[PDB]
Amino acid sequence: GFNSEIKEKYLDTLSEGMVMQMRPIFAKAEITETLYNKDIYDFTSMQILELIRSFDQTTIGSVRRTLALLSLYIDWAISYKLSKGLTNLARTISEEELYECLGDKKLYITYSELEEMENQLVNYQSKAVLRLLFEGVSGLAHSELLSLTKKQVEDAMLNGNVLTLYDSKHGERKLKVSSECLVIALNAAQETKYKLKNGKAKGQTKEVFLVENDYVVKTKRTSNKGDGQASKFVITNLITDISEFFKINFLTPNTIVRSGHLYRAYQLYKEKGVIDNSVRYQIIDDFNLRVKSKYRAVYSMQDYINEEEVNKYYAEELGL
């Protein structure tokens, strides 16, 4: 592409599979290279992030793989003193910064993405809102999530992981969830402090107090609301703080819930080869969704529960 001779020299050293991986990267990089009028090996770290973002990739995994290949090319270029500077600025990049490169095609998250994010989050309030929304504990006005108590979590733990949720408008509803979900919620329901900027605060105050109660989602004491149930704005703010840590713009209660549905669809698509209305029926049943007419909802789901989307996000898991 840009710097044809050098590129092809490096491609000669590769193993064809690697060459098939690199040809598209160099192709899509040509234009950023010609704009900056330099090769990738002289790019700065932020310029490398801008490049990878310009690839518009939908998973943190594909982003990690892309960065790795670029780092290999850069090591190569350093060894031959082609690079102006002699350090691999692609190696100085941190785990959160990669989420900047996730492009804007992305709307939904994969289960592996969820676990990685959770791992990077110091507060159990954050982990909990993410996980519980993923597994379907959202209600109308998030009533099922905001009324959730430690006792409900414990009972579920002693009940084959079946939560009895309370939506204020529609009433009671049962939901089987994972043990990870329940342990995370158990910790969240006992958390007394919340670390600002995901534990990377610069100023004098690093944490703030939460209210004293038995609810999983807890208001902050300063907010002047009661020591009882939290409002929907607490969930909005928790997700905002997460999005700011990872510098991403697609997270919404809706998209998280639907990511859960999509992951279930991926599993069933592996098991049974194709997604159809039986798969969608099964999803309605597993997440025990409130529907007036089953069939109306089955076809209403086709917009996001389909093969195009499952493949789009779960390709590598599919081995495609």
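Residue numbers count along the first chain shown, from 1. We call the rigid core whatever largest set of C-alpha positions still superposes within 1.5 Å between the two forms. What changes on going to the form deposited in another entry:
- With the two forms fitted on their core, the C-alpha shifts between these two forms stay under 2 Å for all of 209, 250, 80, 233 except 80.
- Residue displacement note: residue 35 has its CA displaced by at least 2 Å between these two forms (rigid core superposed).
- Superposition of the core reveals a Cα shift of 2 Å or more for residue 21 between these two forms.
- After superposition on the rigid core, displacement of the C-alpha of residue 312 between these two forms stays below 2 Å.
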The other form holds:
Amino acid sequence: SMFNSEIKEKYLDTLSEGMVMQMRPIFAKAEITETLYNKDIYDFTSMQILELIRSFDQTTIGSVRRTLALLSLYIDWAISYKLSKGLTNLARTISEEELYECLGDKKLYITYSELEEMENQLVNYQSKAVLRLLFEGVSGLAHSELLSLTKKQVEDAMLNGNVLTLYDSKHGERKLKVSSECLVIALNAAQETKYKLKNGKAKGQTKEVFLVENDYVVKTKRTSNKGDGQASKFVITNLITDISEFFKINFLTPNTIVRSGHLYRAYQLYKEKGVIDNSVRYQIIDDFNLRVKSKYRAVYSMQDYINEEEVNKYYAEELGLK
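Can you now output the form deposited in another entry? The one shown was the form deposited in one PDB entry.
No partner chains or extra molecules come along with it, only the chain itself.
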């Protein structure tokens, strides 16, 4: 049930029915953590608040933000009544980046709105570009479509109905329609000369590093001593690592971002159609001009993630669900 239950009821008794309904599940899930530290939420450290929220296994930044606000209210009450050892509301000190650290460990995919919010906190165009380009499906075997991507293909796409010409090292050319935002971000990435470490929060030392000069959207650091050619596989991984390190998240990989793109498209079709079935999966293959052995085999793989349960989970708010 509840740790420090007497005091909890005291607070619960002050609330509306709706609020009670919201709060009671939180205190019940909290209980295991509270009894682990042998103290109440109102005496939790910041780190303990973030661990707490994660234990609720929430899937979207939207829901984490609402949970945090509910808890901030309980903490102000505990302060007013001097139950709290501490004089200040530790939930209110949680930063925007730290909200990501509250995301549950079941989380595998990012919504479109989380993509946008993440992009807006990332200072390096190398970071923004790789995140968005992957989401929009610029990938290929060993990321060869992304690593061979040039300014010229980007410029050409802007004047060709936003249709990119992509080069894979295994198979041939492929046409992919992307967004204007994707293309403008890529164009900027392809001229970036510097890259700031720890996403512009580097501690003393060397805060920036030089990037190689070339026409590629993805660029090696000068220090890597690789020359002016295409970056390798590891550069994509290194850039995703830096994004992940800033947000302190553990689910973000190149394949996860790619799939997130497909999942967004599924959401859009599901909102209009009301079902996710094989016909939707086929439409997604066509919309991303998906690189496949066969389409039926591809449709089969997609059942793991392109389905109504994953869509209802990640896009509950956008769908108007509880």
